[PDB]
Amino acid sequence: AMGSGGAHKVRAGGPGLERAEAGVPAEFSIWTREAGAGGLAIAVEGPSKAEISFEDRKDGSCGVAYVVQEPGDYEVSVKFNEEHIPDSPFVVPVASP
């Protein structure tokens, strides 16, 4: 475990939390400048395995690119210190190109 912090203070945004395409990296960002010390957990659950990568932009935010291969309805969960951030999980329809 890392932290007992403000998951309620974390914001998220980006197209990857609205829609995605199969085999195409979906991107969004997580704003944690207000939360402080804690761990970030990103899970994408649906009809296929997800490959999730992250990259701290060292400005209070962290960019996240994920790719799923099967079109369908996925849920993107973003948890800070093992608690959901506001509006998590995110329902994301993934379609074909």
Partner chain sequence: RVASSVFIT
The other form holds:
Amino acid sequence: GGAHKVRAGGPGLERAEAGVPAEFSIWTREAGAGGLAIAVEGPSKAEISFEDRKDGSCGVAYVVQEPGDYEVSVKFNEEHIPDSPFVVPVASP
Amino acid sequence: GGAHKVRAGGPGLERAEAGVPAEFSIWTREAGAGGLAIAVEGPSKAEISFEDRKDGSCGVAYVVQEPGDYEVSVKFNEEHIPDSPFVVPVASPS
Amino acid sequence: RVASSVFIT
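Moving from the form solved without the partner chain, what structure would you give for the form solved in complex with the partner chain?
Everything in the complex follows now, all chains and molecules, and the chain you saw is the first one.
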């Protein structure tokens, strides 16, 4: 359990540009024990990086090379968090 | 992190079938402290489950719906463990 | 559609 207690937000969950790191934050502090899963799906391969910060927050960045619409999934203990999956338009540079 | 001290293995790191759980284990007992990252990349999205067992092992299962070539990466403190990334052909049923 | 799916723990 816990997913309903998790929150995510940031520019990378709203809009992005091809070849530019799209960044957002996840806060799971109130959710208790668990695994976070992040997925990005759309017209090209995503490179996803993750930073577990000492400050109650988790940072995520992804880069995709092709413009188009992408879905970003954030799950806690195998369940979508509020507002996931997110649909993000990725613009040409 | 002692990623070089981590081992993984199992059928899910070799071959899989579309829509069927692909399973493998990770042993991080000798590695010390660290976080694990398990990534699956390919023609469709993986559902990933993880079991921190009492017996010194970590059980991983993933399912992907589409046939094709997938890359399975296992990183400990952000370094690839030995033999990662694994290329896994996932066949279409029949 | 191609996808990258990551699990962290």
